[PDB]
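Have a look below at one chain only, the form solved without the ligand, in structure tokens format.
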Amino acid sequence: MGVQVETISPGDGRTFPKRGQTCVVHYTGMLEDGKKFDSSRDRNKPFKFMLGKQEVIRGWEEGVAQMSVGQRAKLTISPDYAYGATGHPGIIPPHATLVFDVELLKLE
């Protein structure tokens, strides 16, 4: 599968990230069992990435583009849209489905 987006709290419902814009987010990343492997909130610093530059996994590129500014959403990302068969040594195991709690704070 690809990326599923399930809303957590609504944004403005009007402003959606376009290619080339910088997305400012807080996020928590968990394995399918629920184990957290990464979180911007634990560092108390929002994460910024430029949409369309493949600075993040494909599930983020396509999933965050579906979110409106101010929305919080749950992205469930299959391995093909994620770290794939290889994964990430000691962080994300092979063929892992990932769950991301993502809040789109603003666009720059």
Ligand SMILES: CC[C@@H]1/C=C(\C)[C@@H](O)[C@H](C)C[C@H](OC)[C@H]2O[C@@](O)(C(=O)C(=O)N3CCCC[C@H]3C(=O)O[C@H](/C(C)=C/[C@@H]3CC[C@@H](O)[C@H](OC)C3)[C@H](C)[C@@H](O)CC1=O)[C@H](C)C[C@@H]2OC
Given for the second form:
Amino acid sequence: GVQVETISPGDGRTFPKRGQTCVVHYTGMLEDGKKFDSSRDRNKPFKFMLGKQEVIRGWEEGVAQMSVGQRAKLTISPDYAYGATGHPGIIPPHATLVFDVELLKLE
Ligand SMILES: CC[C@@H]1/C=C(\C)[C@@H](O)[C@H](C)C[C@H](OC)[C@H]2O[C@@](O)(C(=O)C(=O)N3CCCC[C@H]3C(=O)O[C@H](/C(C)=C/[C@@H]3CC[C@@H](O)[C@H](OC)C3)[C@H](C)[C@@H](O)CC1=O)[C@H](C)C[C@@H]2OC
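Same protein, different state: after the form solved without the ligand, show the form deposited with the ligand bound.
Time for the whole complex; same chain goes first.
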């Protein structure tokens, strides 16, 4: 599944609902620590809509647990990420992933 470990607290009140757009910054790394992506390096917040099957299960369920302003470490088992398939040339098969995610606002 997905573990959510808080880095910095959010408001504890405003949680994303199905049909709302989450605006986040994130960094993604493999379990061994190798960074593979960062919206911060891209200098553009990442947007996705909850309930629209847009993101890996670990995100769909992990970000749902966050409130606006919260920064958290999401540790995600391969089955809640890219599984045995992986993501060609980025995510190897059977990868546990770690995301640093900050929920900036809802739209
Ligand atoms: C068509 C291009 C389209 C690309 C964009 C909109 C880009 O602008 C984004 C900024 C994405 C990044 O582009 C540089 C890049 O992000 C990663 O690096 C990454 O950090 C990641 O893991 N993310 C992104 C942040 C949210 C969680 C997760 C994800 O869920 O991503 C989603 C994802 C890949 C879902 C799979 C869909 C197929 C299912 O079969 C599989 O089911 C297991 C899940 C992603 C947002 C898709 O909805 C949309 C796209 O892929 C991926 C390793 C590879 C991906 O590039 C492709």
